[PDB]
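A.B. asks: Chain residues, written in single-letter form:
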Amino acid sequence: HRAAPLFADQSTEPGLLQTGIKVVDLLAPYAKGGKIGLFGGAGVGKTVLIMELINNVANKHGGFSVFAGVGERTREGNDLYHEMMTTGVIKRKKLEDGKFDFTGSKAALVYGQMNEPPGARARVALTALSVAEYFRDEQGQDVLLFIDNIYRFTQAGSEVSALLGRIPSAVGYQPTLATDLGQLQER
Amino acid sequence: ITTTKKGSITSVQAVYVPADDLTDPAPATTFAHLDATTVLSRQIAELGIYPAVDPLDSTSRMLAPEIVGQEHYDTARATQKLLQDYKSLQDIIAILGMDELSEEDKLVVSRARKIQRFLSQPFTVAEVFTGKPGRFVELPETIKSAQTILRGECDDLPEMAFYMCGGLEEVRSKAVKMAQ
Amino acid sequence: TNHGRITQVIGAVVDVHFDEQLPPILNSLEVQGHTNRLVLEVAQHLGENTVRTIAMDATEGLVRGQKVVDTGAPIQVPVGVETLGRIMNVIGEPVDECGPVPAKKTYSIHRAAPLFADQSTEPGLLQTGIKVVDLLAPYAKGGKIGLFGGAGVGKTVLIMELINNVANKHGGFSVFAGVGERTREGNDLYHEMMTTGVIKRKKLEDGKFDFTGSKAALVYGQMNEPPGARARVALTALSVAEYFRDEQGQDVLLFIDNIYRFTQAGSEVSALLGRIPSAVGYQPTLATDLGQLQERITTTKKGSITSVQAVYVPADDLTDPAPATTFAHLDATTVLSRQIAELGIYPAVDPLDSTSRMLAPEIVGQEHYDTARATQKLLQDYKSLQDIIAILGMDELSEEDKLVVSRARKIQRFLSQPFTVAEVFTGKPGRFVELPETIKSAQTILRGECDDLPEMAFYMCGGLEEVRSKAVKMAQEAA
Amino acid sequence: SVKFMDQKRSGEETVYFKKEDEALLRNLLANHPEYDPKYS
Amino acid sequence: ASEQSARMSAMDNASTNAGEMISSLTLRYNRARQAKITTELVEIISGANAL
Amino acid sequence: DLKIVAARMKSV
Amino acid sequence: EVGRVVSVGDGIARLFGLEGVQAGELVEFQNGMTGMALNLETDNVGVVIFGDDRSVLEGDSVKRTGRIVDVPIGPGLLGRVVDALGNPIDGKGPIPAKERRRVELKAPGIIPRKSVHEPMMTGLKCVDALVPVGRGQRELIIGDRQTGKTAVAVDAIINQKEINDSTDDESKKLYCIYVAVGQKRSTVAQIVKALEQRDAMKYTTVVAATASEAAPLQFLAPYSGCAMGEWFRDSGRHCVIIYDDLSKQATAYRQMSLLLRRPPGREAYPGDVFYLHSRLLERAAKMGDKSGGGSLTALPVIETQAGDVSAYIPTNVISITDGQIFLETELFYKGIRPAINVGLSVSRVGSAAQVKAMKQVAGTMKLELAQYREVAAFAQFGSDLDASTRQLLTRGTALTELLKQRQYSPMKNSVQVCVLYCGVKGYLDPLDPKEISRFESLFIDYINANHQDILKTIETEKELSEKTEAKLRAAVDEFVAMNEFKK
Amino acid sequence: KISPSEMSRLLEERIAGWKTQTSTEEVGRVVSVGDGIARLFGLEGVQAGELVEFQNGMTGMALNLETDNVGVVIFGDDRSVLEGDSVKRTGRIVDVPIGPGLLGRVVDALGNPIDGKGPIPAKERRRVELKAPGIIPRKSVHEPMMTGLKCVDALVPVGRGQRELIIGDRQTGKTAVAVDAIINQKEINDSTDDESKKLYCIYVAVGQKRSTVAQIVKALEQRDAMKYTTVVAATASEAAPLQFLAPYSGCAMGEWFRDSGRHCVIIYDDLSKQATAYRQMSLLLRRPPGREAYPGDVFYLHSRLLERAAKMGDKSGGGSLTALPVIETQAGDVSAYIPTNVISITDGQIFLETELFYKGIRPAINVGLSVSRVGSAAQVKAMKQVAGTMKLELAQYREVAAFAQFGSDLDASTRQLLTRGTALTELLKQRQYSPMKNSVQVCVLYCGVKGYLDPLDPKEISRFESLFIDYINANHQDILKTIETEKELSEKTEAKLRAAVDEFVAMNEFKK
Ligand SMILES: Nc1ncnc2c1ncn2[C@@H]1O[C@H](COP(=O)(O)OP(=O)(O)OP(=O)(O)O)[C@@H](O)[C@H]1O
Ligand SMILES: Nc1ncnc2c1ncn2[C@@H]1O[C@H](COP(=O)(O)OP(=O)(O)OP(=O)(O)O)[C@@H](O)[C@H]1O
Ligand SMILES: Nc1ncnc2c1ncn2[C@@H]1O[C@H](COP(=O)(O)OP(=O)(O)O)[C@@H](O)[C@H]1O
Ligand SMILES: [Mg+2]
Ligand SMILES: [Mg+2]
Ligand SMILES: [Mg+2]
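Chains as they are written, first to last, in the working numbering: chain A, 1 to 187; chain G, 1 to 180; chain L, 1 to 479; chain E, 1 to 40; chain H, 1 to 51; chain X, 1 to 12; chain U, 1 to 487; chain C, 1 to 512.
None of these hints come from the bench; they were simulated from the model. Since no wrong hints were added, every one of them can be taken at face value.
Result set (DMTMM-like, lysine to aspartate or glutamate): computed pairs, CA atoms no more than 25 Å apart in a straight line:
id, chain 1, residue 1, chain 2, residue 2
1, G, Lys-87, X, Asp-1
2, E, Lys-19, L, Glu-449
3, U, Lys-404, U, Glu-459
4, E, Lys-19, L, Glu-396
5, U, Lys-486, G, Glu-104
6, U, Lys-161, U, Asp-445
7, E, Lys-8, G, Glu-100
8, U, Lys-161, G, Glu-66
9, U, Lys-106, U, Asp-289
10, X, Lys-3, L, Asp-317
11, C, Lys-359, L, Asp-350
12, C, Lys-492, C, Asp-478
13, L, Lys-383, C, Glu-399
14, L, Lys-383, C, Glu-353
15, L, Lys-383, C, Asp-457
16, C, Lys-359, L, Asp-370
17, C, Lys-511, L, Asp-401
18, U, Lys-106, U, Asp-83
19, X, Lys-10, L, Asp-381
20, C, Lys-512, L, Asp-370
21, U, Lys-434, U, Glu-478
22, U, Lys-366, U, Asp-429
23, U, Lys-193, G, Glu-66
Assemble the whole structure, with the sequences as input and the hints as a guide.
C.D. replies: This is how it looks when you write it as structure tokens:
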């Protein structure tokens, strides 16, 4: 739980993000400090797009990346971990004593499992967001944050508000919806 | 608010309807206390018709032939029948088109659009944002015009000649000027 | 007997204070000093030797501090052959104006269901004399049956026809429970039962009565009664039937009109008992309160209870929680429709929503199973062609589709039949169609033998031969 | 649209099959004389 | 031939108009769905807080 | 209501 | 005993004391105002006030009378307008009645009843023919706003003056009760004026619980009317009671229950609304020959919103009534007045509440109207049709134009029989539809001028023998000969 | 508003200086009872989820610990319990036995049998609410389950470690799909001595009535299926806590097979019933509700339940626990609360429809909405080779379906799609309690996709398949053994298959 950047410590000059993908950089150009919706499930090649974004932003922009799993399926997390270890995004090399040596990688992971209660699934995106704010502030390099799924974060907030006895809003959602989404997205 | 043996209060109340929902408790309760009703509509205002009165949801208790004459009552009921018959064809006109309709239905649609546009009056207070002068209209002129439009003595005229004209002499003059 | 004092009164909910020896839940309490008899059923324990109870009759005239007496047992209803030919209330009191019930025994309406070890019997087939029922939704002899429908579709008429066609021929006994129906219907049913020998009242010179024979028992909790009565009258009738099942061992027939009222009664008091409402106003204890009832209705190794429940479906919405929960408790289902009754097709059974566990090739042979499934396939095909007919017209349909439409219309008109009790609506006489005739006729219509016959002929005809006779008459009247 | 289509369908089917029933009633007794009471 | 050409054109226009009506009805359906959820939930809550 | 709009959507 | 007021607000009081109060009894304050005790809580008592709460002052003394809330009954009410509690508001004299009756009572059981066999002449044609009503029945009049419900009920009231004037046997007369809940006094005065203008008040009474009147009076007025009608029911005299609108009563009950801090349910109503209307409508009944043979017919009225009968109150009152008379605005503006939809409208009693002379015609009429409704949509589009189909359309249009009626212009049963005979046997097919509105009127005058004997015979024998059949046919032939129309 | 300590029997003790608080943390006094809930004063020391025992032998679960009282749900009726009774801790959290002693036995939600055959041996008693496995111990799904249905095994495959929801409307054939999945394992389990190639089965029932659980047991005993499965029955007469706990008891019983390395499949009937019971327990404890009165702990509930279904790695044993939860949708709207919560949790969807159940399409699987996020990875290559074609063919049929009523006016290249789609749809039909093996499925689908059924009348296909099966089962058992052993359809076996098909067609004669 960290306060967002102030009005003074904020850049007024917007700028694109050189990914290295043609359709993206042509018809849907991204931006620094932006928030990009990704409407697509499985059977479309989303995970490979994710790994490519990570690798290309690490090579060119020199910036690391973060992945947050907000109430994701556990087997999907295992699959993603193995795909990352395969594609070279993660470098898990065994050591002599029996430890591991995570050498130069390109992404941290923060998994909030579906089996976790509400309160954990609601406070996972903030964890990865702080992990990324570390690289932003002291390291001073651009970073990519992936959240899968934003709606699940909203569901966790609604549940947590229902447990504490707060009267729900229009469609059952909590009355602190836009405020919490802003506390997240303004960072 | 009620007329008594001492005096009388006529009342004209404007009743808001939130979210265009007439099933709201407030207007629903208020309907029971009224002697006359005038339900304005947004669908009719989007067509540029003003006053945007829905003549089917509007009603009154002083329409019976024991108060107004039988010519007034009959004209009003014929107009209501015509507009309901036009409303009943809105779906099939929107999906398929006017070509599917028969000739009786096409005549009905013509007269219904004409009488809709004819029930549109430019007021005096609207001159500030409309420009056209006001038109006071007596009752017998309205009844004669409705009778003529229903009989079929005005099918030759266009449809946009009834828009904001008051009586029929204005409609015929506007049709003349529009012939050019 | 203990003694208590009424503490407060809120509608049909009464709090009572005892100085000692609180009564268990479901126990019955009698108010002392009232005009008529007033029984209360314990529902909750609140604290401080206080309980919360539900009144069977109106609380008008009750006073705080008024005295209450515990009976040491729940509402005990009389049972035996003495209840036969006789009407009874929720508390066992008679309302037939013929004398008191001289029963030598009483059973508590609250009992525990038979366990899993007490298995059912074979799925015995039940012949009602109705065509669509015997064909597409065969009723089991030992299982629950449901009649789902809104208002004005023919539930009460169908139950009355089933009574005429089953209860009279039944060698065992029978029970009826009126749970929040109209009282006029009860009077009509009682008179019809006295007429057709199902009840045999014989007055005596000494002012008494004699209900010898009279293989039927009636229980009534009608709309005029408050909640607490409408809820428990079903348990009353079910205990009356459980007596004949367990001890006597005779097969029993139970008819319930409507079960939904029983669920509604609970909602009427739940918020007064301090419960939070459920989805659409119903109580939380809906599924459990209904299952505790339904599980008591089941065949065992001592007897069998064949039940027939009419389930009101408000606004023709089958997604409502009450019928939605009741669907899972039934062996056979029969859903009545308004769209069909508009066509004058009575009984207005929808053969695409009616189902039955019995319709399997091992229970009913393949001649029955394949016939039923072919009928259903034909009707679904006719239903899929409705939009093409409505937009384009019959001109666009091929001859195969026209044959399909003709056969489907003939089947629809053929499943109709006139009942004996509907004479006072149609004037036509009643029919009793056995099942082999139905199967023969359906096979004949589906095979294409009767394509020549006109569609109008298949109306209110018991058998195909009658259809031929009607077609002959219509052709002769044509010239 | 709903009641419109439903009633249109019902009327069209009713008319079509009324015509067909009129023809079948005309041509019945010839092709099925065993039912014809004239021969009974 | 002219009849068949006009038939194809009419079917095109009818399908387009049907798509438009479907869009409008979808909006109305979602609005009514949200309203139903809110109404039922407010009923439950008001019955829960009046205890 | 809902049933009305759903029925209309299905028909269309 | 006595008590003192502890809290006051919104026409409701919370008392401390009166430990010997009966739930539902009358209570008197020290300023003349009355109340009704409903919530007998432990510490306090919840009273609903019959008037304004400006009089009560949080400390006022309060006393119990011991009487359960009751109302007067008798023939002293006939011709009078009274409030929910029997207090008159006509402004002319008190109520001369000695015997009282409790408001909330137990309905009669299953044994002291019998089937419905006598009809209740409504005066209309579509009702008396296609949706018949009996004596002992409970038939709902459900519709939208401004569709002709109160008009139906008032025509039912007006049609009885001829039947009552031409007899002195109370067993055949039909008395009437009009309960006005939620209405404004102008409307009730208009109804009273319409009835007095036609001498239709010497056999009616009115129970006005208007909008300014507090919620408890609107909640109690229908039960007061049922109590006034139970006198006729148990004395062997038939009566018909009309409730306008019942939904207003439900709203008043919701208000009272919510201000007594009772928890709500669906649409903020309680769960006891079904019990409320069942309590009220099950008191209508047809008693046996041992209990006098009386009756109390009921004709409740309900206003739906947007024709939604899937709502909570309409669904209940539909499920606890013996019929329905639906009324639609589309039919009201198309020209059909009364706007009765004969498809949805039904009557479970049916022909048993119908005369044989009306059965003979109404069966054929119902069949023909079903066929016409079935092919009406197809006919509008315009396609070639067979002569039989065209004939069906012509007869259906004729009958639809026959069942129209003016307001406050009811008719006798024999005249309905004659008119529907003219309509069914084909004396209107070639005639122009728009002309029928005078074919009716003239024909009526003709058969009231020269053929009174046919009407007397139908009124007495209540059937159509072949002689009356032939006489009526000859009369119709003479009428068509003497007159000329557009076809 | 008064506290249990503030009642006027204890304050007479406190005011009198009585300090008889030696009443231990084990014993408490009932304070309130109603609707299957009890509220106690005492037991300061009881754990959440702990069992407690009353005077009259009944037992309950403590859920809502509070500062002044304790909320208990009862495993029975409230007529036994009354205010003033005593309650004592058992000390043990709710648990259930596990082992081979449950195979062929029907039990309630606490292991207590209801078959009437005898007690249950149990060397191991496992908790009911446990932590699910993590991420490292798990493994990717690479093995099928073989329901026995053609449509599922081909187009909506189910792997070992998967969670394939069976969602549908009332009376569509969900329980039938489950029971077919149970029955198809007979030939595979009886044809093996090792307990690692087998597949055990568990059938949890919730909200059902006994008169159909008994029918299920009867059907499985007819076919000798109960020897390798067990039933958990929490019926409608049984109280809400038991309906709520039965699925967790089943998962506990299956965790033994998972950890041991044995493969088991668990079926839940219906989960929605469980949600309803939980709602009934939360609204009576006066917990705060949500939409449709469901609490916020419903997603957590189904998630805790289903995330135990897993495929463990070779270091844990290689076991698995497949799941086939069943859900009833009331109008096909899968936008409701519980369906939307469950489809988000699951790795697939089997959507059964009612319009197809009456068109003869039984099982009524709508392959358009039915998916499997695992996919061909849960298929042998012999099935991939035909399924990759049939899926495309049925999609093409789905694009030209409305033209079936106008195909007389169209041309070729669009009637062929309709014909092939119709033939395949008539092929995928199946009979109740008559599943097939994967080899026979491959053979039949090879006959189908390769055009050997286009020129036939559709109504005769149901004959064709049957005869063909007997034909191959009479003549070319070697082909079936090869397909079952090698799990591949090579060109030589494909040529053998075409030869057998040609011989079969030559022997028999069909309509069109
Ligand atoms: N048979 C009829 N013929 C012509 N007009 C009629 C007829 N019946 C009723 N009306 C007219 O309908 C209008 C409404 O009258 P009515 O008093 O019956 O309203 P309502 O249906 O009771 O609804 P509400 O009282 O809530 O306004 C009146 O103008 C009346 O003249
Ligand atoms: N392949 C099939 N072939 C023929 N009939 C089938 C088939 N599958 C299911 N059925 C039949 O469909 C009906 C429903 O059976 P089933 O109980 O399995 O469905 P369900 O969805 O579980 O019903 P419920 O809602 O009561 O749980 C039964 O009559 C069954 O025999
Ligand atoms: N077999 C039938 N034949 C003719 N009319 C019927 C038939 N069944 C019902 N009806 C009509 O519908 C009405 C329904 O009344 P009822 O039998 O009590 O059904 P429900 O209780 O479901 O409303 C009947 O009064 C009758 O007018
Ligand atoms: Mg009924
Ligand atoms: Mg009115
Ligand atoms: Mg099932």
